[PDB]
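Engineer: Given the coordinates of chain A, work out where chains B, C and D should sit on it, guided by the hints.
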Amino acid sequence: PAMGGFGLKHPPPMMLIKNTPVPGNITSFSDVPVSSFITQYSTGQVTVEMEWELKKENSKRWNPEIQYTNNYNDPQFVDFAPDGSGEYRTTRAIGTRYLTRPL
Amino acid sequence: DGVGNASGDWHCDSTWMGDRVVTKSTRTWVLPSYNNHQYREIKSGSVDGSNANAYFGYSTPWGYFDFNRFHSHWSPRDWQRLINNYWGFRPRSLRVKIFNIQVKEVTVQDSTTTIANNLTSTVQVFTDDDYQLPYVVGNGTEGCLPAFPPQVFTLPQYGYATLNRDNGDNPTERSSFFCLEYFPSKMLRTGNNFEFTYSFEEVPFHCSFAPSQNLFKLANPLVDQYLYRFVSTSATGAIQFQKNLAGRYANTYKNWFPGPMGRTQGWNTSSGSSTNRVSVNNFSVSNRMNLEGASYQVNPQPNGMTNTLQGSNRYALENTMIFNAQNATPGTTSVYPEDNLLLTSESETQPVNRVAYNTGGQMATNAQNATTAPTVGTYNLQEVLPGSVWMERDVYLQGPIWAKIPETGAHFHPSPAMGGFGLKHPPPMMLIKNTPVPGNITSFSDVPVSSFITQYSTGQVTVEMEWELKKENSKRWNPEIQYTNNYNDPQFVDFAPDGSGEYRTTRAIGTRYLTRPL
Amino acid sequence: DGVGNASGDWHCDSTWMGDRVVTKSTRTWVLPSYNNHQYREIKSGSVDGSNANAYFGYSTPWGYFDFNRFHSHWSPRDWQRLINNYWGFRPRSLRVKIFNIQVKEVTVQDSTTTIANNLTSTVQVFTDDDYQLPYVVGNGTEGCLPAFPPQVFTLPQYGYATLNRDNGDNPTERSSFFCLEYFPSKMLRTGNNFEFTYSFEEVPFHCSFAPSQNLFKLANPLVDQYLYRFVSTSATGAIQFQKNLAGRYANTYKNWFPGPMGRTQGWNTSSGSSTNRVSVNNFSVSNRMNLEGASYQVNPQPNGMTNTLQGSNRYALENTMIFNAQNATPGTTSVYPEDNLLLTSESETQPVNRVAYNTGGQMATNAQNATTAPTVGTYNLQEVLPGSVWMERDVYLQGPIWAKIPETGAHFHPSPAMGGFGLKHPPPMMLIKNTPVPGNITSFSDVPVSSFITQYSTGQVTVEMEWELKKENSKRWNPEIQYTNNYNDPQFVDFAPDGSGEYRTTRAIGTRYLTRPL
Amino acid sequence: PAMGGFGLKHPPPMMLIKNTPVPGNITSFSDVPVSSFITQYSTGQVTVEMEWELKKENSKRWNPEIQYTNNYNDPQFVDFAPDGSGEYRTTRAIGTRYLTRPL
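From first to last, the protein sequence lines are chains A, B, C and D.
721 is the number that the UniProt record's numbering gives to position 98 of the first sequence; each next residue is one higher, with no gaps.
385 is the number that the UniProt record's numbering gives to position 177 of the second sequence; each next residue is one higher, with no gaps.
580 is the number that the UniProt record's numbering gives to position 372 of the third sequence; each next residue is one higher, with no gaps.
726 is the number that the UniProt record's numbering gives to position 103 of the fourth sequence; each next residue is one higher, with no gaps.
For reference, chain A alone in the conformation it holds in the complex:
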């Protein structure tokens, strides 16, 4: 995929969900479908647990490498954490390419 990630022939199934409808006060027959419904909404919890496989790095590089570090100067707030109002802040886009390898 042009946007990064893993291309899959059979990716994780789509999980759809909806609130089964409950009719309002109907009082007479009509071969026409009922259109009066009680307004409802649902809430709940969802837990998703993934397992990943990792590829250990085994380099014989001598000098030190580059790492992703929390390098800010004169921080007025902590990144990746909620601010005064309770809104989550994220000022950086952390990628994945930090370690190196001799081509």
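Heads up, a few of these hints could be off.
Computed list of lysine to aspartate or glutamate pairs in DMTMM-like fashion (alpha-carbon distance at most 25 Å, straight line) [unchecked claim]: (1) 678(A) <-> 410(C); (2) 679(D) <-> 381(B); (3) 683(D) <-> 674(A).
If we take Cβ atoms under 10 Å as the criterion, some of the chain A residues that face chain D in the derived model are [claimed, not checked]: (4) 693; (5) 715; (6) 717; (7) 719; (8) 721.
Simulated from the structure, these hints should not be mistaken for lab results.
Ideal placement from N, C-alpha and C gives every residue a C-beta, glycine not left out.
Structural biologist: Below, chains B, C and D alone, put in the same frame as chain A:
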């Protein structure tokens, strides 16, 4: 399990069984929805003219259970029955349990609030077993199970201060944010109950006995010492000696030394108010330590001293623990006189610890020649010396049980300045919050929902501790001192509710009543 | 083991056994002490007026063994015996061995050099099995076991270029330094020997056959096609069709397409020198790719083309592999004419690959209306299309065997532009150096010693490969073309030493002689 | 120890070494010890293999931590690597306190 079936019973008793006593306390709590289910970055700049009051941290939507006060496990009559008969004790086990939960949905619709109970709402609960979160339980903070069983209490809100920068309200690159939802909790609906058990590491007993011998009067007062002492110099500069007679403890050779000391100031209580200097703001003239460029008051100073000398009204107030008879409301900045305040006194230690308002001693300031005379210089602070002995602060019914020792790596004699037991792995913190239930949302928005139904929860909490006791075996002949209900012209009964139903407690009961020959 | 006992024998032969041939070659090497036992940071700025020549890297004190040329395993007569009888081959195993080592101590004392042999000196040796070091073996670099067994060779010095900054001689934060002493070597004194074995992954055979059918003449030339083709438009704009007759391959419908192509320029060899344009510096007018803001010449271009059209003297020199008959010395910047140079020709592929100096084809540039006429536009480059077929470059006796595929993650058709087999895990690199022996030091100094005894080492190296062959089973009637020793008026024998003892090789023997019906 | 490290009651033994002396050409008895020696020196290899025990970090910190990173600007040379002449360079003193822990 079920809605119409109780999750647990109310157990609240004590059971003495020889060298062990098991206490049990149940209480009703109430948990508000703090911070509307959000995390807020709380911060403060220098207040009161002291940049030590400047912090940076986070307030969470969680509340916690605190069982770190003695009067949450002991009744005044079971405390008394302990301090009059044993030489020490130490906690052995713990076993908390939460049950009979009830979530209520509040609604202010139409300027009129209607409290209905939600049967499907949950409550989240987890114990921090590995000590991965900032511990806030052992710092003398309010919010513990009330002293009186009938009383219902609100759980306090969790929050913590993390590293701030240059004594300001800004963070450093090391300031950390802990997400509590990132821990595996357990969810409870009205029919469920939570259980948790723990066992203390070996800790040394607390010593609930006072010494009946002065540390510098351990020698026999009938026999003399076979040691001599330099007493003076003759006109010929020749040094002269004299034998150490019997009963002359001012001159005997000693083997052990009193413990650490740091002079504080002493103020006279009521009787002597006249003597105290008038109108003094202590802050400017108090004992303070500096940490990162800020001055913090170190009350109640390190262990090894006695705030008062038995028989006097003078007090080393900064070396004292001061509680309050009548419980107070949050945010009170009112100035109170000594009356309704319980000033603890550690004088049953005077035989071994030094007074905190006197000079610790005198030592030499120079070297005497055929010219210069010998000079001495009194010192105000002396720290630990090899071969010194002291007694630790005492515990009170209204005081803290344990404290967590900071895991820095190096420390000396881990005993909290406020009394209690210092522990490497203290009883886990038990957090709890009301799982949020969204209001009427009607459309997608990648923005998080902010409309919530207002709810609160109630329930019961039973905490059962087991203690180990150290039996007293003294061959004292005459009778000892006991803690007794000695009041004169009682207008009310102490440790009991008054006319309105408010619990009264006019005394601070300590632990040092029995004695022991040093 | 012992000083006066040989570590190994000299095995050098070939052994054909059906579908397998095992070759064996032994050679004598010499290892200098490079960089006086030190690591140096080598770097260059833009040279020749091209910042692509600007690098930054490290030269180490190690030397390595390179067996990546065919004539290091095959004699000219065993090569010939292979390309005349088989349809392909591929390597199966490898087994190197170093023995009969001898370290010599050189001394120039008194303006006179005396070579004595040190019996206690060692030699260090390790193979990079996990590919943790920069691979430098498969890049057409000199330093491989000589072609002729009698010849003694010096091992080349190891070194590598790492990331440089902005096409300059400075490093980036990602530039890496690899310490080779940080690998577990094996030490050898005169009586020891080193062994090492390896086995290639499955790789597809090389196809040593030329096609005997044009790709666009696969249809039967007697039968017509049942398909029609738009031939023209009538005066009424009405489209007209016509059937595809037999033998008219210009118009038949095809099923397969030739492969990729990228036009290079074509230059006429001697015979036609007159035609070539006079005095042209190719650099400015060559095929080049840009990588990080620098222009690199991409010789010999990607696979899928033929540098020449059989029967002509014109050559696509940038799509050609050019070797040298008479081996040359390091640092030579002399300009050479075609004479003593072996220009390889890939024309036995012309039936399937396109010429590199002609336009690849024509396609449409617009849309015809009642106004505009149909227009075509010749293209110079076309990459891979679905349903295309091509033949890979051929291998030569004097050319490379394998190449290492860069482990970036994504790649298409891993076949090295210089021919050979592309491998994910190619034969490990075998490094070797002379363990240093300090001069006369006489006092401590936390500074490393820089005075060393000058030494060099000699020894033998045997490398035995096993190859798999693909038997030819053709039902061709007439005789085929073979590689034959066809010289006229020979003044010397080829592939043999001349009067002085120098090995001659006037031909570049390829591999495509046999044929196959497409 | 005031200089850091581990204080030990029985630290790794000291390993001493010297070149056994070889006398020069002596030619007659003398109850006096010989003082004429052949000048010599020795060379060799030394391998030292230590085993260390590590304490895994298990923090529930959310935001990212600080790491030791190869953060240089306009590098004229690579650190922790030999320069043009072959001399090893080291411009930084790497310590050990990077991760954090709630007191």
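Engineer: Hint by hint, note whether the structure agrees.
Structural biologist: How the hints compare with the structure:
A hinted pair counts as satisfied when its Cα atoms are at most 25 Å apart, and residue 678(A) with residue 410(C) qualifies at roughly 24 Å. At roughly 22 Å between alpha-carbon atoms, residue 679(D) and residue 381(B) fall within 25 Å of each other, so this suggested pair holds. With a C-alpha separation of about 19 Å, the suggested pairing of residue 683(D) with residue 674(A) holds against the 25 Å cut-off. A least Cβ separation of about 5 Å between residue 693(A) and chain D falls short of the 10 Å threshold, and the interface hint therefore holds.
Look at residue 715(A): its Cβ gets to within about 9 Å of chain D, closer than 10 Å, so that hint holds up. For residue 717(A), the interface hint holds, the least distance from its beta-carbon to any beta-carbon of chain D being 8 Å, beneath 10 Å. Violation of the interface hint for residue 719(A) is found here, the shortest Cβ-Cβ separation to chain D being roughly 14 Å, above the 10 Å cut-off. Hint on residue 721(A) holds. Least Cβ distance to chain D is approximately 9 Å, under the 10 Å limit.
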